[PDB]
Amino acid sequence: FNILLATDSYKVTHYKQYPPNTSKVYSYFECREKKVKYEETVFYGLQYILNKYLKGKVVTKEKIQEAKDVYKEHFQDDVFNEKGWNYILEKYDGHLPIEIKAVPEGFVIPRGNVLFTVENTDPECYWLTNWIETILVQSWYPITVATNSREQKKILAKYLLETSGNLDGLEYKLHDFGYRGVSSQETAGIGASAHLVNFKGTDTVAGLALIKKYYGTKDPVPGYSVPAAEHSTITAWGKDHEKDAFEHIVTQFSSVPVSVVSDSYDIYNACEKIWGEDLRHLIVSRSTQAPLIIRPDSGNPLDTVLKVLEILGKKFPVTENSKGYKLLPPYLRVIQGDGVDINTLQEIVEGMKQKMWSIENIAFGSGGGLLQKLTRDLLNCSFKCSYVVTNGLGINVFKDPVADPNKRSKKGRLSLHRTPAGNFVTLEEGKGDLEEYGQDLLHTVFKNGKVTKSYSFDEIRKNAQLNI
C-alpha cells in the first residue's frame, strides 16, 4: 500500500491551488442533514483506517519515486509534489504531521454534527489535510452499515417486545449473509464488523479477524454461526431424494441448531409433507437448544413467511404466549434469508403481528441488503474544509451552493457538545472556546503518525446500545 497513490487524482494538484501563505487547512466530517429517516448515526470504523493506512512510517523514498513515475504518465505532466512528500520523509521519518479528533466509536450522534476533524500540524503540510480526505471518507461505509443494522435492530426490538414481552434472542435475529454479495474481501471484513456492533450472528467470517486485529473483544470471537445447508447439499442428492438429504443433515447435526433450506423444489411441500409428516419424528425429538430452523429462500418474502408458518402451525403443536401471539414448539423455528432489507424486514414483522405470530418464531438473514445496497448519500457522509490560516489570520470558510442549501457546510473551528437537555450540538466559528457548553466530545485519536486513543470492540458495542 502506498498512501501517495491512495487519493483522488485531482488532489495531487491541489497544493498549487490553495491561497499562497496558507499554513493551516482544517477540515471536518459529518453525516449532513437533509431537510426511515436515519436521524442518528453510529460512529464506527475510523480506528481501522488509522491503524491500517495512516499510522507509522507511510512515506519512503521508494514510494515517492513510484508515485512520481505513475503520476508523470497519468497526467502526462509533472505536477506531483515531490518536494512536499520528501519533506515529511526527511523531517518526520515519514510520519504524517496530521491531528485527527473524533467522537468515541460506537457513539450515536444525530445528523448534522461534526464527527471528526483533520488538520495539519506543520505549516509546510497545509496540503496534506485534504490529501487523505479520500481514505478518511471511506468511513461512510462502516458508519452506514452499523447505522442501518441498528435501525433494523430497533424494528426487531419493538415487534419482539410487543409480541413476546421481552427481547430474548434479539442479538441473533439478523444474521449476516453478505459475504458473496459485497464488492471485495476487504469490504466483507469492514461491513461484517460494522454489523457485529449490533448483532452476534454472522456467516461473513472476514469480520472476525478484523475485530480481533484492530479493536479486540474479551470474548474469543465477536460473532457466531450454526451449521446450515445450501442448495448444493440438498440438490446433490437428486430431486427424488430431498427427504433423504433432509434426514441425513438433521441427523448429522442432531445436537446443535441446524438450518435447512427447504425451497429447492417446493417449499410448501417440504414444510407440510417432508418435515410435517415423513420426518416429523426427527424434529419433535430435538432439544430446545438445538432446533430445526427451516429456511425458505424464494417467493414473496412476507407471503412465503406467512404461508410457511400457517403450514407448520397445522402440523406442529402451537401455543399462545402471554401476549396472545402464536408460538411454534421450541424445537422448530424459521429463518427468512431472501429479500431482506430494512424495508421488507418491517413489512414482514408487521405482517406476522397482524396474523398473530410472535416474532420469537423467526430470524432473518440479509446479505446484499445488509452490506452492499448502501451508498454515501444515504447519510450524506461528507468531508469539507471549514477553517484555514493564511498570512497568519484564521478565516472561516464554507460552501453554500445557490441551488442546494442542503450542501451548505459549517464555518470555522468546530466542536461537539452536550446541550443542557442532554442532546448534541456542534459549535461553529471557534465558539466552543467560550466554554458555555461543557467539554468538547471530540478526542485526539491520531497525531503525528501515532494513534493516541483507541476503543475496544466491547466499548463500541456498549456505546451503540439501544435505549430500551
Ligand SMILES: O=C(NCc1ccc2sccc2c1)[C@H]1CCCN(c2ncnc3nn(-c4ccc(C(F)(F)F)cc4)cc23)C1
Contents of the next structure:
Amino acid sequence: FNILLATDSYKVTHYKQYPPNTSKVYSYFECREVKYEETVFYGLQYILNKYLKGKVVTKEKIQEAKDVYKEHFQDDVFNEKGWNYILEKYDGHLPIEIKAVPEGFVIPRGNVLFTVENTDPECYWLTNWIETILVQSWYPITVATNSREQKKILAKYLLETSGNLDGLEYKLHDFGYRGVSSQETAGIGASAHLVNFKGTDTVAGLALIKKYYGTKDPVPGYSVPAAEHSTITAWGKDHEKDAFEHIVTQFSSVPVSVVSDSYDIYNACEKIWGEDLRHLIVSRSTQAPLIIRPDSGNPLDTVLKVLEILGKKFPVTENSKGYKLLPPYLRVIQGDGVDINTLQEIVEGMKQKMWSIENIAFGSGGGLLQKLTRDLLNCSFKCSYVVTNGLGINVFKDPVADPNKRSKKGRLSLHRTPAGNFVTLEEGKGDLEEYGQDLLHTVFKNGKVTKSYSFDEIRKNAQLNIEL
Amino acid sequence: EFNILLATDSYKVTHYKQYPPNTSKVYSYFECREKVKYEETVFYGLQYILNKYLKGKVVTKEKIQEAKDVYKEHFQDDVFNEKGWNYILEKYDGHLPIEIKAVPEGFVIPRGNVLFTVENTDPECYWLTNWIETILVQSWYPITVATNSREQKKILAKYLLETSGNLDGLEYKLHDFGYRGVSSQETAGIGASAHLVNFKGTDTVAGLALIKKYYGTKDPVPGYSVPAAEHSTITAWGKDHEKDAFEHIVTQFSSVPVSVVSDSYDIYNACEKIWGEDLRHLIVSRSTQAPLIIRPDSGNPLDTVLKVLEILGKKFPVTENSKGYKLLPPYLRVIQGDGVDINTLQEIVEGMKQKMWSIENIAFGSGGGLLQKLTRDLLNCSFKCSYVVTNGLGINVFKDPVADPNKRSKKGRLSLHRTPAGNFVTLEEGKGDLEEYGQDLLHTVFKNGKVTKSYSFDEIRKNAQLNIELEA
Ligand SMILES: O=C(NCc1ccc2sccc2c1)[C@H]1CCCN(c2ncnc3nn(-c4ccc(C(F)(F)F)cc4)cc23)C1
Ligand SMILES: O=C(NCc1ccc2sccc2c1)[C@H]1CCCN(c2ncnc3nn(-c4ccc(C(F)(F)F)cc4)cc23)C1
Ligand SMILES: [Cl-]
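Pass me the form solved in complex with the ligand as well; I've looked at the form solved without the ligand already.
Starting with the chain above, the whole complex follows.
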C-alpha cells in the first residue's frame, strides 16, 4: 500500500493552491445536522493502525507516485520535495496530530468527532491530503449507528412482549458477506455491526477486531450451523423431507437454521416440519432449537403465516405479558428483505397479532452492510482554521443555496453542558474554560498511535440507555 | 495474509455434512436474474478475484490450523472440515480443484443469462464449489458499477449527439469522484476500475494500479485527471478573498484545464461578478486545450446548472452550433459534481436541451451515486446450484419458491449461445451438447489453481462499447 497514491487526484495539486506562508491547516470531521439523531463513533483506530502509523513514506513509494502522477496528469505536478522532506526529517512518519472522541461514544449530530492538523509548518498541505483516507470513517460509523438504531427497535418490542431483554444481542444477524463490495468492506462493516450485536456470518470481522481492537473472549461474534438452498435442492424436489431429516439429525445437539422456502414454505412448515418430521423437532433441547427460515415473499405476511401455521402444529404457551410463544425447541429467523424500515413493520405486526419477539430473530445482508451512503449521516470533513503569515483565521464555507452545508469555524473543542449534554465550541472558545475540559483525546501524533480502545470498551460505550 | 478458509459465510463451513451422501459433483452458476430497466449487463471483475484470492497455493497447514481454532470458538463446536482441506493440501499442493467457465470480460449480456459456472474437478471436493460462492458473488459489484456507468454513458451519448452532432469527448463526460464516498480502499480500486471500462476520467487513483496489476493496458494509464480546487483551498484565503484564491489558482495552472469550485459563499455571485467581471481577463485569454471549468457544488442540480449557464451566457460570448444549440467559448466549461446519479443526470441533460444548451458545455462528476449507492438487488445477481451428481447419476436441481416466481433458478448443465437473430440464449439441461446453437461462449478461465485465460483491459473496453459508438 502506498499512501502517496491513496488520495483524490486533485489533492496532489493542492500544495500550490494555499495562500503563501501558510504554516497550519486544521480540519475537523462531523455528522452534520428514524431520524438518526446520534451517531456511534467507531472505525478510526482501524485506519490509524492499518494506513497511517509508522514509516509510511519510502524512496520507492515517492518514485512510484511520481511516475503514475506524471502520466495521470500528463504533467509533473507531484510534490516530490514535500514528501522527501517527511522521509528525511521524520523517517517517513507523518507529522500530523489527530484528536478524537473515544470510540463507541454516542454523540448527537452536529458535533466535532475528530480534528486533524499538521505539527510541522512545512507540511501544511498534509492535513487535507489524508482527508480521503480519514473520511472513509463514515462507513464504520454509519454501519454501527444504523445497527444500533435497529437494536433500539428490537429492545422496545422485546421488552413490551416479553418483559426483559434476554437475547437482544443475538436478534440481528449479519448476512452481508456476499452482498458487499469487497473483502475489506466485509471485515470493516461486520466489525461495526458487532459493536451492537454478537451474531455474524461474516468471518472477516472477527480477525479485524482481534488485530486492531481486541477482546477478552476468544471471538467477538458467533454463528450456528445452517442450510442453504444448494444443500436442500441438491436432494431433488421430491426429497426435501429427506434433506430436512438429514440436516437436523447431523446437528441434533446444536441450534440449526434450515431454509424452508425452496419450493413451498407453507407446505414445509405444516406438513414436513409439522407432521412428517415433528417427532425430530419436539425431541430437541432448549439449547439447540430448530430455527425455521423463510427466505421469500412479503416479509411481514410470510412471518405471520409461518407463525400461525406453527402455532397450530406445535404447543403454544402464553407468556407473562399475554404474548404467544413457541416451545423452546422451535424458533424463526427472517433473513430476507430486512432493513431498519421493514424490521420495524415486522415486530409491530407481530405485536398486533399477540406474538412475542422471543419467537423471532432477524438476518440482514445488503441493508445491514451495503445500502448505506455518506449522505445518510452527512459525514463531512472541512477545514476550520489556518495560520497564514503567523496569524490564524477562522475559515468556513457558507453556500447560499444550502444552509445545511455551512461549516464550523476556528479551533474546535467538545464539552459537556451543565445539563450533561454535548456542545462543540468554535473559535477556540474552549480555551476560556467555561465548559470544562475538552472531550477529544490525542489519538495520533507524529506517526504513532497515542491512545487506543479495546473492543470491549467500545461495546460498553455504545450500549443503549434501556440497557443501562 | 489472506486466508481463503476464513473468507466464506460462516454456515458454509457446515455444508459438507448436508449434501446427499454419495455426491461427487456440485455445479453452480451465476446470473443477473430477470424481474432505467438495466436490460443488459457488462461482465467485468472476475479476473481480479481469480488472481487475488483463488489462484495458486491457497491452503497451508498453518491456515488449516488457524481456521480450525477460530471456527471452534465461533460455532462453540467442532464442525470445521479439516479432513477435506488437508486433502486439497496433500493432493494438489494447496491448489483448488475447481473449474470456472465464463463469458469474456467486457461482454454485454441481456438479463437472465449464465455469466459463469463453477464445479469441482475432484469427487472428494464436492463441497468446494459453493464454499467459494461468497468470494465469487462479490463480482456483482464491478458488474453493477460497469453496467450503471455504461447506462449513464448511453444517456450522455444520446443527448450529446442530439445537441452537438457527434460524440467528441463522450468518454470524459462522467468523472469518478467516489474515492471518499465508498466503504473501503479495496472497494475504491475495484469500483473505479469498473468505471474506467466506459470512461477515462477518475480521481480515484487506486483503480489505475488495480488495472495495471490485474488486467493491463497498452497506454501508461487507464484514467486521467486535471488540477482542481476544493473548498479548503478556497476558504483558506478568507471570506473577503475568494477573488484572490480564484486568481491565484487559475494562474498557477495557466497551461492545463483547471476546475474551480465556486459555491463556497455565493455561486451566482462568483460567476457573474468574479469570473464574469473581476477576473474575466484571466479567463478569455485561456487556451482551448486548457479551459476554466466552473464547478457548482450545491443547490438543486438542474436549477443550479441552468442559472449558472444563463449567467455565463450573458458575461461571455456564446455561439450557436450547427444543431441550433448554445455553446460557451472554448475556454469556459462547467462540471456538475454534486447530487449526480443516473436519474439526476437524465434530468439535467434533458433540462439543458429544453433550454437550448449543448451538452458540449458540461461534464458530470459522481461520487456516491457512481460507486457506493448500488446493491446486489439492482441487477438481481445470484449464484445458485443447478446440477449435482449423486450415486453416479446427475440430476437437475433448482429452487422454485411459491411466493416468488422471480426467485426460480435454472436447471442442469448450462451453456451460452448466439441465436440465429444474433441475440443470446442460455441452454439448460445439457442441451448445448446437441450443437444446434453453435459454440458455447463460456471459456474455461480457471482450472485446478491456474488462471487459464485472461483478458487485457483494452479488450474489455472494446467489448463494452456502445452500439452508437460502433456505427460512428
Ligand atoms: O436461547 C438461546 N439460544 C437459542 C435461541 C433462542 C431464541 C432464538 S430466536 C431465533 C433463534 C433463536 C435461538 C440463548 C443462547 C444464545 C442465543 N440466545 C438468544 N436469545 C434471543 N434471541 C436469539 N436469537 N438467536 C439467533 C439468531 C440468529 C441465528 C443465526 F442462524 F442467524 F445465525 C442464530 C441464533 C439467539 C438468541 C440466548
Ligand atoms: O481539450 C479537451 N477538453 C477540454 C474540455 C471540454 C469540455 C468540457 S466540459 C467539462 C470539462 C471540459 C473540458 C480535449 C482533451 C480531453 C478532454 N476532452 C473533452 N471533450 C468533451 N467533454 C469533456 N469533459 N471533460 C472533463 C470532464 C471532467 C473533468 C474533471 F476532472 F474536472 F472532473 C475534466 C475534464 C473533458 C472533455 C477533449
Ligand atoms: Cl441480501
